[PDB]
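Residues per chain are reported as follows:
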Amino acid sequence: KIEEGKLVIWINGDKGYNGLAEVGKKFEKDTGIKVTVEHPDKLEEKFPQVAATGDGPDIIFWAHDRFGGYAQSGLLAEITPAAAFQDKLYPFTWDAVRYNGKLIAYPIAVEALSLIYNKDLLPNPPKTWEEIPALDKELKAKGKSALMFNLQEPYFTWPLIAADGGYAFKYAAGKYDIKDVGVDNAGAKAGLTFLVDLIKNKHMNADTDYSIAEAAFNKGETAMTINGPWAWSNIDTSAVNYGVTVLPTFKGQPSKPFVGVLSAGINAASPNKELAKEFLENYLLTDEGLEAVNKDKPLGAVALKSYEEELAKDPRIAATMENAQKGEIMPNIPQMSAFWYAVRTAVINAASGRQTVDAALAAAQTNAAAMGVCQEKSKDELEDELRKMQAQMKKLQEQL
Amino acid sequence: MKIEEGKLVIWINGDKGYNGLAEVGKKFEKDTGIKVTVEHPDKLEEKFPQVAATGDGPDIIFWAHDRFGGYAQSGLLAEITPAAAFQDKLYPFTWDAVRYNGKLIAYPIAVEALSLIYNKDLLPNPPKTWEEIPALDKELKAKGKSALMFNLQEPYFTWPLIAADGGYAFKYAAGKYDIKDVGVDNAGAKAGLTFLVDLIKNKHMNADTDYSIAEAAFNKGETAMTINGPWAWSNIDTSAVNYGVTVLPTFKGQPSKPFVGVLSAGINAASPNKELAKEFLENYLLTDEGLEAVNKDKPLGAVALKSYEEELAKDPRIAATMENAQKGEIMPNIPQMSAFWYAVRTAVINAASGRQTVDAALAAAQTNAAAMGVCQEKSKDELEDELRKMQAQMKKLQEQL
Amino acid sequence: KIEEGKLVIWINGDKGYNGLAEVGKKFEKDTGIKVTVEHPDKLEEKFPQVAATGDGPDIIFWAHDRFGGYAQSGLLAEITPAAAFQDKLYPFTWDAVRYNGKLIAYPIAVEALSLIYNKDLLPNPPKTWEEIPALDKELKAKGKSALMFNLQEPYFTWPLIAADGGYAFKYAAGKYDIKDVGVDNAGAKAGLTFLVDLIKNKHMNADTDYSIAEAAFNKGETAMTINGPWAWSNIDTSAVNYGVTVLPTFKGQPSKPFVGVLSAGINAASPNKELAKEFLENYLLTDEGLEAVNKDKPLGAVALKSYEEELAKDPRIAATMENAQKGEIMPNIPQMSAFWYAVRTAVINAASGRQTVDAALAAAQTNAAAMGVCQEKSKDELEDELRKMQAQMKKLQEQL
Ligand SMILES: OC[C@H]1O[C@H](O[C@H]2[C@H](O)[C@@H](O)[C@@H](O)O[C@@H]2CO)[C@H](O)[C@@H](O)[C@@H]1O
Ligand SMILES: OC[C@H]1O[C@H](O[C@H]2[C@H](O)[C@@H](O)[C@@H](O)O[C@@H]2CO)[C@H](O)[C@@H](O)[C@@H]1O
Ligand SMILES: OC[C@H]1O[C@H](O[C@H]2[C@H](O)[C@@H](O)[C@@H](O)O[C@@H]2CO)[C@H](O)[C@@H](O)[C@@H]1O
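Residue numbers (the authors' numbering), protein chains in the order written: chain B, 1 to 400; chain A, 0 to 400; chain C, 1 to 400.
What the hints contain is simulated information worked out from the structure, not anything from laboratory work. It cannot be assumed that every hint is accurate.
With a cut-off of at most 16 Å between alpha-carbon atoms, the simulated EDC-like pairs for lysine to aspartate or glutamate come out as follows [unchecked claim]:
(1) B/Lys394 / C/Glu288
(2) B/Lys88 / B/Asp287
(3) C/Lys388 / A/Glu385
(4) B/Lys388 / C/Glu385
(5) C/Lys395 / B/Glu398
(6) C/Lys388 / B/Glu383
(7) B/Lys379 / A/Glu376
(8) A/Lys394 / B/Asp380
(9) C/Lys379 / B/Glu383
(10) A/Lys379 / C/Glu383
(11) B/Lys379 / C/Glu376
(12) A/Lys379 / B/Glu381
(13) B/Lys379 / C/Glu4
(14) B/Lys388 / A/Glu383
(15) C/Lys379 / A/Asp380
(16) C/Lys377 / B/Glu383
(17) A/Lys379 / B/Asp380
(18) B/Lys379 / A/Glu383
With the hints as extra help, turn the sequences into a complete structure.
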């Protein structure tokens, strides 16, 4: 059950949810309809579970890559923007939320990873990944490190993997070929090998996550990090004088980050579809709406032409757009769940030394494609559950 | 039941005329000295493949033809080789229903299709459309009655509504089924199931209603209509209800499309009595006298035997049965039908009970019906069930300390 | 994990590991590099688990059928022999270790099963399988038996199954069709049915394994066995006067043994790749090298042309090559593991009487052409683990 006459919206905890809530306050002030903004953990996984039961938020925010899966699973309502409203947003952002001929979400903003560097610590950032090892050695002598970024989410290491030729699904003849996966070719192998070598050579730690990497950079312990626009706000609050720039090259090739369009989908089971449309079209996707969210945590290059004309003047947004141009807009196909899970497992296993880069990537190629009932994620969850049950069994055998 | 030589053990579903079939068995025993045992175990369609795979089970198994391609593919059925003269006694289309990869793998017995069964005293003019059923129920509720009750636990009964406006199992093209093209989640399938769920949401039907409850309600004059096959008419006759058998209601102006079954008799690949089974089936069951004995117990539908069917076809209930069959389709017999049926069974039950939305339930069913295999939906369900049970046992055990 | 400046080699326990170590000793005297030969149990399964973690031997020996799987999994280095060396080996043996255009191992020897018979007990061996039951009935009256061979490994029963039409994967239109499996056709079924009838009629025991059959033949208790060239050494040391000959026919058709090419692969994670190449090319694959291995346990028909010209004069080798010519060289494709596991399970289940031949083979056809993550083997392991956990629960409930 979803309460009628109210809007519940879910958005990730790294985004400007407090700003989104202000927009909700304006909506409530004009209409009397309460808006509740929440940022639950494991959002992208939680939504498909509750939505399938007819429960969950009225509106779900995530990058566009998950939306095809949601739509295929019967979880999203088709959105019906009139022509005039569709002209307010960039066409390519609409393309990102089109699934099987139908618009399945409202595009909000374009996200791409950039290299973020400490200006005082490193006035001239490296153009290549190759020179990072020597840079780190010099900084260790000063009690610092070259680079820390999230190694637990494949999103962040993907630009290096794609740099020299790695790809997700081959786009051929108007479609993605789910039988043609590129996570195990020579370029992908070379990219991940470099990451793993950085860790082998004590220039990076395999255990480093989002939180640890952010804290190290914002406290001035590391000279560089890799992140998107949402992260700039916390860096501002800290004392670090930072620049946002083009990602380093690898083997002479640009890093190719996967570009995301933060998007707003409407729960198929919502009894407030028309309120959701009004909130999204008449309140959020306006100059005042996006500004409020942006002021909280920066959105990137927004989908709304009128407000983007302002943000484009920002050099950090230019760097963001340069990096996006060098990458590719993510597919939204249902198979993106398997791809992301496969690559997540490979990077983590290779980085920790449990699998070689080659073994890990060969397995990722297999898992990214395809099947359904017994996916890699499912087998892993089962094996974890069995281990947990075994543990309980031993503690019970002990008390017997 | 490690299949004794020199005896016949027969399995048939409990809704069928097993007592009548036993009379045929008795006649067989008097002529040949070979004892025939007819049994009707619960869940036989699932029990047969399990026990037959070990060389156990009945010599002869009765079920609608849709399960038989799977049985045959799994190596459980003997190939049937009737002489030309015998094969000519049965309609060719009924033989098509039991032909798998060029081989006959059962004897066809009878054609089954669902019809709308209505109480003439309670409802002299039955509804032509599903759409007018809510208002009909509203009138009948005021008299302490209801419009319609039928088995909502078996997707067989709900499939006619789902298929009405465009739902399908596997796409038929160029002479074969494309098992990668499943149609349980298109606009028509979704519209049909949504209508059913809306019937439940608006309290015109109850999600818990099963076969025995719907039958009792109709035969007691408590509900104006039910949906059932010919095997059901016998108990209605016995109840004395003034009933008619008629065309299913339309949905969105389109006929309901029941999946039609051909009741069939297969021979266990492991039976050491294959010749006795053949003789029983050809020279005893598939005669005018044989089928009549079964039919007198529970009606078979339109039988496969030409000579006996020319007599039955004159019955208006059989004409209605054939009209509904023509509006539906004879089921595929391909191995993938068990996955299809299980997928739809889960979807209908989950949506009717409110556990899943109609759209989520059918989208997963579309996925599950096309599951290549080794890890099927059913196996996944059984695994999850087994784990929760073990978790439950541990919770009770930790509690005891 | 893998020591640099040293070589560790793994080879199966039935092969001439002592003889290979002698080659290892010769390598060490000339180069100063220590060579360690090991024969761990369950080598074919143990290698991919340890190699995937960057551990294991530098060199792995096994028949070529598993190598495509090892290579697909990213466990094998491409070998770089160069033209002149390749000319020393038969072209068809190079074909056996070529995977997706690359050489992924060095071929060593061609192995095929033969009929091995006691000349004193049975001076004229049966030409057909059909005449074996009557032979056993005659021999049992003398306190002996006609035939015992390993019934636990599908390798040994495969020749009978393939005789009348059974096949693994159809080689059609230039490639193996993993969707066209032939273990459930009329020929496969007729072949397995005959085997099961032998057992039902007490001419054989379903539990008979490699060790039991070998001991039975070498103690003069059974008149015939089925084995490869490796087994002759132990027979020589026994008192049995034996002959090696063409396998019996079935329904007028030759038995079709699956032919293996014993091969040496190089662990992708090895830091001694150059040492391994020099070892394999300049020490093992020479006349003295192979002869040293051969004297310990016979290799069969070797891949090195110069030494085979010698071995070919041996009538036992002529028999081996006659049977090999009547069979087919195994595919090396990754799918061969599902195939072997599928068939292993079918033969055992049918032979034991737990399933009918038709049910077991029909299920094998399905398993051999599996998907990806949920293989038959995984399911079996899952079921095994559940049964154990269930047993523990009953044992705890028993304690009250
Ligand atoms: O790491 C895999 C993950 O990458 C992307 O998620 C991003 C998201 O797009 C950003 O807005 C930000 O929150 O970082 C996330 C990574 O932690 C994909 O959108 C997501 O589907 C995928 O699983
Ligand atoms: O509900 C799924 C079920 O439908 C059919 O079973 C019918 C059967 O054909 C009729 O003779 C009668 O007994 O009712 C059954 C439904 O309860 C399919 O034949 C069967 O395979 C399928 O599971
Ligand atoms: O039995 C299945 C098994 O057969 C082959 O293994 C052979 C091997 O090739 C021989 O060299 C010798 O050691 O006997 C083995 C049988 O026990 C296949 O090569 C192997 O992949 C397969 O599992």
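**Asked** Is it true that the CA of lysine 388 of chain B sits at most 16 Å from the CA of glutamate 385 of chain C?
**Response** 13 Å, holds
**Message:** For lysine 379 of chain B and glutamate 376 of chain A, compute the direct alpha-carbon distance and say whether it is at most 16 Å.
**Reply:** Within the cut-off at roughly 14 Å; holds.
**Request:** Would you mind confirming whether the straight-line C-alpha gap from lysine 394 of chain A to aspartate 380 of chain B stays at or under 16 Å?
**Result:** Roughly 23 Å separates the two Cα atoms, so the pair is violated.
**Request:** Quickly compare the C-alpha distance for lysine 379 of chain A and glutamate 383 of chain C to 16 Å and report which way the hint goes.
**Result:** It holds: about 12 Å lies between the C-alpha atoms, which stays within 16 Å.
**Restraint check for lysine 388 of chain B with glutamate 383 of chain A, where alpha carbons must lie at most 16 Å apart** = 15 Å, holds
**Restraint check for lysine 377 of chain C with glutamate 383 of chain B, where alpha carbons must lie at most 16 Å apart** = 15 Å, holds
**Prompt:** Has the given pair, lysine 379 of chain A with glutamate 381 of chain B, been kept, meaning a C-alpha gap of at most 16 Å?
**Reply:** Given pair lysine 379 of chain A, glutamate 381 of chain B holds - Cα atoms ~13 Å apart, limit 16 Å.
**Request:** Measure nothing beyond the straight line between the CA atoms of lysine 388 of chain C and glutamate 385 of chain A; if it is 16 Å or shorter, mark the hint as holding.
**Result:** Holds: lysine 388 of chain C and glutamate 385 of chain A sit about 13 Å apart, inside 16 Å.
**Item:** Restraint status (C-alpha distance of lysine 379 of chain C to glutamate 383 of chain B at most 16 Å)
**Value:** 12 Å, holds
**Message:** Please verify whether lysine 379 of chain B and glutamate 383 of chain A have alpha carbons no more than 16 Å apart.
**Reply:** 12 Å, holds
**Asked** Holds or violated: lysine 379 of chain C with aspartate 380 of chain A, Cα cutoff 16 Å?
**Response** 14 Å, holds
**Message:** Would the hint linking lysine 379 of chain B and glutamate 376 of chain C be met if the CA-CA limit is 16 Å?
**Reply:** Roughly 14 Å separates the two Cα atoms, so the pair holds.
When the structure is compared with the earlier hints, violations turn up for hints 1, 8, 13 and for no others.
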